[PDB]
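> Listed below, chain by chain, are the residues.
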Amino acid sequence: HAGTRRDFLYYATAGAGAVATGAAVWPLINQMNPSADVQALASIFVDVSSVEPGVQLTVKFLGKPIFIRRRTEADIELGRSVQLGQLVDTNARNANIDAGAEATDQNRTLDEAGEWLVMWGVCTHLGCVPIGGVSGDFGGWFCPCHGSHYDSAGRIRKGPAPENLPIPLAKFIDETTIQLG
Amino acid sequence: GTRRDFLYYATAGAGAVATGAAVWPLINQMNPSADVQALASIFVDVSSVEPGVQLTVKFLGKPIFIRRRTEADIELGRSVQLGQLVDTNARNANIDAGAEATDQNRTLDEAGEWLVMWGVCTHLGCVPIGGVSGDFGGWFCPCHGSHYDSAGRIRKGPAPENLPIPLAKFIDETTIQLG
Amino acid sequence: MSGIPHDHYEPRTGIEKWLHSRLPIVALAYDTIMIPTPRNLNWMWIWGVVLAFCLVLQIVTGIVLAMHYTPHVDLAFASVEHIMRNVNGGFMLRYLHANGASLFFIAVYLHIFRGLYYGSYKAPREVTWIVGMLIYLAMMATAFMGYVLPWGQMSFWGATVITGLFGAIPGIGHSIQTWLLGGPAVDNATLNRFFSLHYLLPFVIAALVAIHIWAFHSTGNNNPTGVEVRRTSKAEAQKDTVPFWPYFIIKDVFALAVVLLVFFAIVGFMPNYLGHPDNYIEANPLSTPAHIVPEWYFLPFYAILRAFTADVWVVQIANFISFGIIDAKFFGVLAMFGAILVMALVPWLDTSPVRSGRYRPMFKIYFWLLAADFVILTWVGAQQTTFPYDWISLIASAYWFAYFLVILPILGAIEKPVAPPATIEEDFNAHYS
Amino acid sequence: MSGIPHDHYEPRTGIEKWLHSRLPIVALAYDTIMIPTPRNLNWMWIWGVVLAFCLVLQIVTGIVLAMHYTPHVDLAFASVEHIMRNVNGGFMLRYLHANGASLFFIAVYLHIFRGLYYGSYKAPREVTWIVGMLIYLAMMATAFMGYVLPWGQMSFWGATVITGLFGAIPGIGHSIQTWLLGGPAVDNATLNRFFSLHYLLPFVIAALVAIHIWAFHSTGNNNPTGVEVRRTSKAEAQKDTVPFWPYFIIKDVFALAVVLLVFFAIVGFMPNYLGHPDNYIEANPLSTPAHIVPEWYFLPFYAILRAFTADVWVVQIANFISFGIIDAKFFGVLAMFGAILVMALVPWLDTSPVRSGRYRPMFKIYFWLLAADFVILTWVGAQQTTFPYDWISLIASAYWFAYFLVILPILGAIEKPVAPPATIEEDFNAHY
Amino acid sequence: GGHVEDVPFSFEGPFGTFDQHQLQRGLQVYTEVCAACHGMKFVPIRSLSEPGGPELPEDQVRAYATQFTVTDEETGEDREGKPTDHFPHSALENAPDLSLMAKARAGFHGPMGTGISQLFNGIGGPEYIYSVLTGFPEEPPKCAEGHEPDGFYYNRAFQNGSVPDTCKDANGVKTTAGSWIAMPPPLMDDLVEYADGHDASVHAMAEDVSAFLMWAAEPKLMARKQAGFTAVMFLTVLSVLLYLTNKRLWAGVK
Amino acid sequence: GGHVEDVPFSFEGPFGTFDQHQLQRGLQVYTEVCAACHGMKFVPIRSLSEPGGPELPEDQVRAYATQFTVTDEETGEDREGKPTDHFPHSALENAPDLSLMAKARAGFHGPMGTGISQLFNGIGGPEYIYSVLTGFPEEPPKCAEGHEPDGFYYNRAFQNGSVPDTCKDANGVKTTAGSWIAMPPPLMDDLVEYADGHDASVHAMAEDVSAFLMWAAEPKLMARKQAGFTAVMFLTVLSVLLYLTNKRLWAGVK
Amino acid sequence: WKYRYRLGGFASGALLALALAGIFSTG
Amino acid sequence: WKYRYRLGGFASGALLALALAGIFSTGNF
Ligand code: HEM
Ligand code: HEM
Ligand code: HEM
Ligand code: HEM
Ligand code: FES
Ligand code: FES
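Heads up: the sequence lines are chains C, L, E, U, X, G, F and R, in that order.
With the working numbering, the residue at position 175 of the first sequence is 175, and numbering never jumps.
With the working numbering, the residue at position 97 of the second sequence is 1097, and numbering never jumps.
With the working numbering, the residue at position 23 of the third sequence is 2023, and numbering never jumps.
With the working numbering, the residue at position 38 of the fourth sequence is 3038, and numbering never jumps.
With the working numbering, the residue at position 156 of the fifth sequence is 4156, and numbering never jumps.
With the working numbering, the residue at position 145 of the sixth sequence is 5145, and numbering never jumps.
With the working numbering, the residue at position 23 of the seventh sequence is 6023, and numbering never jumps.
With the working numbering, the residue at position 12 of the eighth sequence is 7012, and numbering never jumps.
One chain only, chain C, in its complex shape:
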């Protein structure tokens, strides 16, 4: 009851020093968070009428490639051939459709005819571009960095990637274009 005022004071000055340190340290961490690059909103559209069947197209957005492909008949056929229970990831990653759909080549194509597939060209494992040209055992794309295989719908079939290649907010709008962003 005597050295209680000393201890209270010595700990109060320690606590004020702690707060005065915390405020002094956080800006040195926070400066590494995004600065000008918070400008993630943008818009683009592309002339899809260039693309012949079996041809893969790329465009940039958000610092990353977006694929477009005019799918081949055989790419649609082997696409449909998969029963949902064979997939590593059963969920159709498509922000254009409502969340929680199933990956069955119908929730993963931009128009109902099944001709068009649009994706981030970005492997869901660790971000490398998966190489197309019907590469991989499953005839879709092959991730060169860790050996991750995608099929002709962009569904993950083998390797360390957790999920199907994500599909952004893309609608043709014109018979010769697709709009993105």
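The calculated label-pair distances, taken between Cβ atoms and stated as ranges, are: (1) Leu5244(G) to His2431(E): 19 to 27 Å; (2) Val1044(L) to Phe4015(X): 54 to 62 Å; (3) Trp2245(E) to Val4240(X): 55 to 63 Å; (4) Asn2042(E) to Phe5015(G): 32 to 40 Å.
It is worth saying that the hints were derived from the structure and are not from the lab.
All residues carry an ideal CB built from backbone N, CA and C; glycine is no exception.
Start from chain C and add chains L, E, U, X, G, F and R with the ligands according to the hints.
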């Protein structure tokens, strides 16, 4: 015997050359790189101006002045005797190295209308402020207060030398080559 | 200092009197350089000096290269070509820095496996081992960030892969990846911060090296017998030891003059052999190369990363029991770091009282299996992730963990050691009779 | 440790004993913080802690700023505006680093003038003085090259003038100048190498600070009386001293806190007052501004440089007797460096046996003249070269040299000093 | 510039803040008048929406940006402005960039080189800008009544300009307070139609645009002052606690 | 890079050097042929006079330089090229820049990923360049004659190209040694006249450009060989003297 | 009981810094 | 006298390193 320390100094010796040859490249990398060496020669030609005003042109990272002087500044009575300058050399690449700091030896033309110079203070390299600044006409260096007269000759302050005149010549009466 | 009986410094000349009475820096220098050292150290003890050279080679070439490099994505690769092409000796200075990193990492693996064999991690030396691990961690980070700076294809895609690893960490990981990148993707903010950190961390490495050197002066050096120097008297200590100057300085400087003779032969006549040719292609954020290989010293851990996939049974078990929080991605990230951590924990995992592996007849087998396994992990990291390389990668990754977590704890119970010689003097006189 | 009778560290916790038997890091830390310190120290002893603070601040903010700056002559200025404008807290971080350099030079000028007054450079302390001079020279180079990095008009024309100084050295000077520039003019080669060296030299300063701390630990601290701590016994040493932790740590941290209250007030409410508006103009190699004025901490040396024009009688003599090898340009460069050289030599120029200046009744006058003269040199540095400022700057420079080269050697031969106290204990008791 | 007019601006002093509507008025004045000659290469257009500035809605900033068109890095060709673009460079090469002009100019000096005037009055940047804008008199100084330059205009605040030799002195330096500037007198009463029905006199517009150019030079002045108060409060509390701890501690040494 | 023909270039091995004449021939072929599409944006034109390269005289390098049109990096005006300029960028948009191609490609591999083949044979970039240039056959592979991609040409060396579905094996595996490349067969017999009357076969021209492209990728290869030898000699002497010193010291304790 | 004042002191100092730097600066 | 064995050692070591690097600069093995 002493042939011990002959060997011990020989091994010490192979060391200080190998290390001495290792240290020189870490210095020599700061000497001018081959691009900077290539910029040491340039060719250019530049055009006419009205009297009583000056131009400026970049070369070798630094300004070239071109002033067409006023009647008061082409003449100045030629009043400055060679014995009252700080620097008595012409500092002129177009004439001999024994030239004096005379008005006509400074100018490019015969009348003394045209004065071409490096815009670089001979003290420590600041640009002399022109117009008719300073207390001797001519220019004033803002960095340490050296004064140049209407002929670009050093009159007061820390600078040792008259403003150097580059290699330059008229091509037409309207234009002047620098390289 | 070390507990070994020794002569202290005495200042001889008047200037030594004048200085020593003011600042005992010559005393500290003498007391460091004159440390009594076991007579029987073999050629595996050179590597500490070679590492102390590599650190200076990298610092002085780096400081020089930083006078000419530009840390901006529009200018970086062009500035490296400017170094190679216009700067006096700039081609040599670049190849020296780039190959010198490989020299730094081969010297650390020889230094580490020396320690793992002769038991230099055992008590009282656990602190020296821990500081060594912190040094090695700082080297790994330093070299990765350095390899991003030239901004070729391999720089960009390596940075892309490796920043993704932090995105694997459940919950917090996307925030950490974004804070590393400074944005949603590898970009100019990443290059500029990696340049500043590549400048900083060599000084951290140096400051840890000073502590590590202290860590080994406070205990004294180990030796191939594992038998300590006799502290009993100066006479017995001198029978076990010689001063580090000149005997071992000249021995280690000789070995350094040979290892640099081969290093300068590589840098002169084949400097691109360790490199990956795709890093002479400018970074193309829209086109990943046909094979991303991290440079050779990272391959064993990159092998351990690739070894674990959702097809693997222990991954399926971890996935189940974690309710899918441990997916194969995060499992592989945990495995890759865990392989380094478990090497840090070796002072507590080896239960055996005998220090030198020389006298541990069963341990010798598992050690040489580990030594070969590190080579296999390095080589298998370069191959494609198809049969049989998936099996070879998995089995090698398994043995790495089995050595530290199982074999070492069991051997200290089961093994029947040979008896060491009575003292270092006996061993030395047995070889050099 | 220091030769004051003291208790050594003693490990007692299980972990303490496990560690101390392996690496005596806690013992070294304990000896460092527990050093017995003279109990009579006044407020002038705080500046060492403020200097350590400034070094830590300038390093941490520099490392952070170097993540966003670009050392290239087409992006440097733009990247500084990016820091000011887009980075989280970047405006404050940059104003902290820029004003922190002023805080750092203030704290070293007060730390130096303390050492000059109380004789802290005298035997046995000449080594800590010399290491202090190396620290100061490294600060001067570090801050100059830092101020080149924004690539504004002041950055460019400062880099021009200062590299021009090396060209003044007879014969070899042109080689050193072109080696510093990397070329015939200030350009991208200069900026990029000055960036690398500005990154490097703070760590050099740090290693010198570690040696400086070791040196004064090896002697023990000076005190306002200049009489040493009684080495005879623990009992006497404890009367002259008190342990550094907590008593002086808390005193110094208190003083630091109240000093930084003003520092953060400046950085918040008037961060541009100490700077130059002209460095917010992009560098232009074709025209020098009309306000060429160094940062303020270089102004005394810039004043000494400007004082020696070719009409100055000593310059004329030197030019004659050197047969033209010395001229007003090179004389000015030699004088501007002599001003620091002669201060480094003060341990040997001061012939007096008495340590502390407070017992030196004539020395007090010339010391306060020197402190005023250093203020005058700072102020004349900002003025134009016309009359009367040419006279004032010349007289001031002459007094700076006369103090070290004439007055200090004479006073120790002629001064009639007062008698200092018998002990630090006596002085402390007399003041309570 | 000497003898600048000490204009009271709401951002002055430690509690000072920008008037958002004065900033929007200054933006209008810049856009309609000054932007014809001058540019602002360091200002991102998106910053017009951000806190402490004009704080325009982002769709208005997007409409505003669309008035510009720029040689886009990937088209290589003229492309309408987007909020991520900066303001364009000065269209007249003679006209200085205004992104930092309110920091790159001092209005207050001395006395006698001591810097005390700046210590109380501040640097004086936007005051200098206002003084130059208001600085064109109706009549030249009459020293060169028949003799002044043709391509230049007398301004009483501007100091760096040309001077007629009849106004010049050798004995002194210069008769006149000002000098001749290349910028034509940019403002006229009601030149800009303020949709608020605010005062559109030369005086009012000159203040409004000087405040806008102050925000252009220091868009985070508000946050800087807030951080100043926060840090001062932390160090005040901690200074008092440290003082009392020191006193209690040294009272033992007594 | 596909498995190459092992061309015995004169620069190979520690004593190998560039033949100045072969470099001049390769430069001629690049000038007449490749510069239509491929740039050398990292190569400064002045390097053509540099020691250990083609070592053209300076006025001839200047004459060469003026054939290019350069958009001046400061003036914006187009002008004749100067020795201080670089070679142009690739005129054809998808043609790779050749400044580094002799380092950016490997011709030798393994076995079994061990890298020992590169240890004996080197990286093999020049041999790859030669193999591509020599790799166009007179007619396609016999498989899939009905399915060749339009605008592409079969090349025996190229491995990154497209392949017809009919030429893939069922695993998605390439049956052909080569693949289809967008580069049309560039060399043709006697396409370039060597004024000395040297062999103008496609093999000669392909070798000459491969040597020139090696010099373009490493202009200082010669200086690197010499620095190698001089360092090796210093460290040999120092090694021997240290060895003898060590032996003398350690003899004294056993 | 122990820590009655140690913990209480620490939070009393920490909170006061957080309070008086926030509210009076903001309002 | 004694010092020329030391200094002659130093010089011999010096010239031998330089001379051998000179020889290889003739490039003829
Ligand atoms: C632990 C010591 C260091 C290691 C292991 C290391 C490693 C590396 C590596 C592997 C590279 C890539 C080289 C390449 O493939 O092109 C690199 C590049 C670079 N390093 Fe370091 N480094 C070290 C110290 C330093 C220091 C102190 C600096 C000083 C700034 C530095 C400056 C640079 C620069 C500027 C580059 C980019 C230019 C280049 O590629 O040469 N390094 N570093
Ligand atoms: C910058 C890199 C390093 C340097 C410069 C360095 C330096 C040294 C030196 C000079 C020695 C004494 C000579 C010798 O035994 O070879 C030594 C010993 C040692 N090092 Fe390191 N080291 C480094 C990294 C490491 C690493 C990565 C480890 C392991 C994780 C490590 C662990 C040890 C151990 C256990 C010893 C033996 C200590 C003893 O015998 O008491 N060091 N080190
Ligand atoms: C002894 C400690 C230091 C001193 C005295 C110092 C001094 C300075 C000064 C006076 C400036 C000019 C600021 C201005 O007026 O705009 C500056 C800028 C700069 N400093 Fe330092 N500095 C120190 C440490 C560091 C370190 C260690 C780094 C690197 C990690 C660094 C990075 C920078 C950078 C990048 C700039 C330019 C960007 C800017 O203006 O903020 N500083 N420094
Ligand atoms: C990085 C800048 C510096 C730091 C961090 C630093 C640090 C210190 C510290 C902590 C002390 C002990 C406490 C005190 O006396 O205030 C001290 C004392 C001292 N310093 Fe410094 N110092 C620096 C620069 C200098 C300079 C520039 C000089 C003079 C050239 C100098 C000369 C001295 C002297 C003579 C003492 C007294 C030693 C004694 O009392 O025995 N230091 N310094
Ligand atoms: S990065 Fe895509 S497979 Fe790993
Ligand atoms: S630089 Fe011209 S007077 Fe000093």
